[PDB]
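Read the single chain below, which is given as structure tokens and is the form deposited in one PDB entry.
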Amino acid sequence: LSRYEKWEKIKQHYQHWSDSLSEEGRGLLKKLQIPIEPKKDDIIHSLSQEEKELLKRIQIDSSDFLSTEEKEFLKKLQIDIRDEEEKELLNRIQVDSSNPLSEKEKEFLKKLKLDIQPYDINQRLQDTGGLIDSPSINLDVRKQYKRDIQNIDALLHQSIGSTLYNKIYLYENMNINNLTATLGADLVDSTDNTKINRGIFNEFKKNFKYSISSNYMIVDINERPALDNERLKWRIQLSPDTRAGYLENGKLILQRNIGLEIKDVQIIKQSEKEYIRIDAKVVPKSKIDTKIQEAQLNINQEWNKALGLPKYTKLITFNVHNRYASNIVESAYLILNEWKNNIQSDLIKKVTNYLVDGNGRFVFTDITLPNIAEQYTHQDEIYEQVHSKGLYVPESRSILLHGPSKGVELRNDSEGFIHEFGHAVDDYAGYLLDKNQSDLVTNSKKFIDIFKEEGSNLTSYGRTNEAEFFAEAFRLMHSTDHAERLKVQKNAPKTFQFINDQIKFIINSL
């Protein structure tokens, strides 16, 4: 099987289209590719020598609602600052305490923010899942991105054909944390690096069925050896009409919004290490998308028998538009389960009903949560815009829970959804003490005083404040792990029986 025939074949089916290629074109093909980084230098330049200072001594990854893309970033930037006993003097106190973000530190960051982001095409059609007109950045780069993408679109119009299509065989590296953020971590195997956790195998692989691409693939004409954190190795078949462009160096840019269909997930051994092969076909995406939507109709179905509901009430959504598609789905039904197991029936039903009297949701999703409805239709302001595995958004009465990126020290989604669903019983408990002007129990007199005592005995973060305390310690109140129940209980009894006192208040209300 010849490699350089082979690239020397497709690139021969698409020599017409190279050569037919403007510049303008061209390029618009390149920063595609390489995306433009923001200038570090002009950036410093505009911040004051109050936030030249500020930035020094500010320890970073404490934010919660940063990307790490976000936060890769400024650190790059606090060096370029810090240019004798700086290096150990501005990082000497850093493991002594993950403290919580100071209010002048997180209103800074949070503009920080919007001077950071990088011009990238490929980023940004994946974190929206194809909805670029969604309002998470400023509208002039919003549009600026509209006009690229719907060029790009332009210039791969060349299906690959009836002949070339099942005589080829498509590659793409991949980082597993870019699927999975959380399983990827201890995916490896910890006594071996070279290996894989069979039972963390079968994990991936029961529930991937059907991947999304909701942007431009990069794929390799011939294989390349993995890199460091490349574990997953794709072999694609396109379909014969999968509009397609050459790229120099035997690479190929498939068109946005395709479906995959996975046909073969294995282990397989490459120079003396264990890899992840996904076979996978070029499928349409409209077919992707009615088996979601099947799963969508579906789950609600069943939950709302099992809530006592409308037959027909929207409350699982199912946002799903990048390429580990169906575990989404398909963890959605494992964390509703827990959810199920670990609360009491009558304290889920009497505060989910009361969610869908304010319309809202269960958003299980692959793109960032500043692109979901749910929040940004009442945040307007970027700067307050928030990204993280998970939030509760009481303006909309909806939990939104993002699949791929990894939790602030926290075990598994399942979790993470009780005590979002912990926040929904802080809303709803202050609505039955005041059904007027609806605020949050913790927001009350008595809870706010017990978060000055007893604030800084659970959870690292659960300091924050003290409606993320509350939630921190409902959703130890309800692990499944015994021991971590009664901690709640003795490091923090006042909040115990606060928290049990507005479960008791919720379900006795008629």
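Residue numbers count along the first chain shown, from 1. What changes on going to the form deposited in another entry:
- Taking the list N327, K113, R361, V393 and the motion between these two forms, the hinge point where C-alphas stop fitting one rigid part best and start fitting the other is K113.
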Second form
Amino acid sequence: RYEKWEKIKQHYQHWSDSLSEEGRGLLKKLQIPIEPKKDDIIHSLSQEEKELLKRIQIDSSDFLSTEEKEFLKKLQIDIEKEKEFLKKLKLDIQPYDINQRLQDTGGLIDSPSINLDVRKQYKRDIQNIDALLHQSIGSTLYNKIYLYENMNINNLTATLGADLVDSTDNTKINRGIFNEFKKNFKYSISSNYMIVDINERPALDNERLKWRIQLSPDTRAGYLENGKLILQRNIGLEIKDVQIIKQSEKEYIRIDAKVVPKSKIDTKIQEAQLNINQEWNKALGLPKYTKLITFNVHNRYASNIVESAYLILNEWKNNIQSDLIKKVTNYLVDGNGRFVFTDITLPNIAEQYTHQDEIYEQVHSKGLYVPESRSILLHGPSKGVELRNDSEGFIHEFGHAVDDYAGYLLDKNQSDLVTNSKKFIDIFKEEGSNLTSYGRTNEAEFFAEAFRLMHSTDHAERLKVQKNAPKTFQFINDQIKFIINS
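Okay, that one was the form deposited in one PDB entry. Can I see the form deposited in another entry too?
Chain alone follows, minus partners and molecules.
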């Protein structure tokens, strides 16, 4: 367990000694992100904002992560309509987390999804760390050691992660879900600095993935003491093996991976993008030069993001009538619209942030539709709230596109969503709470939810829309009729 520490340490002896006080402080910053302290958030608040914050019920919020919820509760401890307030405040409670910024952006750190000042600080730190990690592990040690990293399955796929652990016995891995996770896991990208161990360490709470990694001779790294290494960012990983193993009467998933040039992985992704486009331009009868599908892939479940795109579009094509699909998609293409499949957060997708300067209006979620760029965005790793799979999410987003085109058809000059018409507003006011809880949010979301359920494989769901929201059901069919006759 400790026999290999010394020789790795001695290899990086001079590197460690020559570290400046700032270089060291930077490595500590990377290991321990800086949380915002409560008292400064509070004193920054005005006394009209303070009074507002404590009267706010907070677990109710739809767009705040459980850590963000808990934090603001502790602010209430010390002290809808104004979602306005929680969206602005959400930005000022993010920890300074270098590795998380790199992962969220996939290395596209110029993405205007955080404030300018911190955005520029992130750049400076990243460039400084890149300069620190100059010494490769080398030929004397690369094949003499293994590097280990424990990982939460939710980091790769939160959808499969919900059922990965056997519900009848939590010491076991669900064999069926295991196969799904392993099936299309061929390669992997690290856009941030992997922090790995020289020897294997016991997994912490809900960590069931245990990586075993072999570096290449040229792979640059730094020693972080206590038998721990930090790897250079932007490295490719080839998955050599995925197996279920048992440690201390508990089942884990071993992932054997080998470091390769990231460019080698990027080449496969680019080849896959050409293939899926040529294949789907033909199926949809689009012009042969159309670029519709785009892979924005930069993270550790890389190969599955690509492979699942094929299946998502297949389910999409299978569950929606052909003529509706063709009409709407050709509308999207006429405005250079894209189907974006990605494993970076959606505010870092150009098809969103280009048309959304306000960060507090920027949205991260499983799926999104942006009318200004006529694009559908689908985020792999995450799990949509009250959503079975990615295909159902994509169908929902396509509902928004249907909404867009239908409204465009009735006035191309003053182009607007059909759900913004007084006609559907009245329908939403009457039937808006008769479907999903989230459908209640607004006209567009109610429309897209209704559209999703009307095209669900569960025929019972389709009948529940016609029975509980017959006016919305009728309205949508009228838009479909309007579209295919256009």
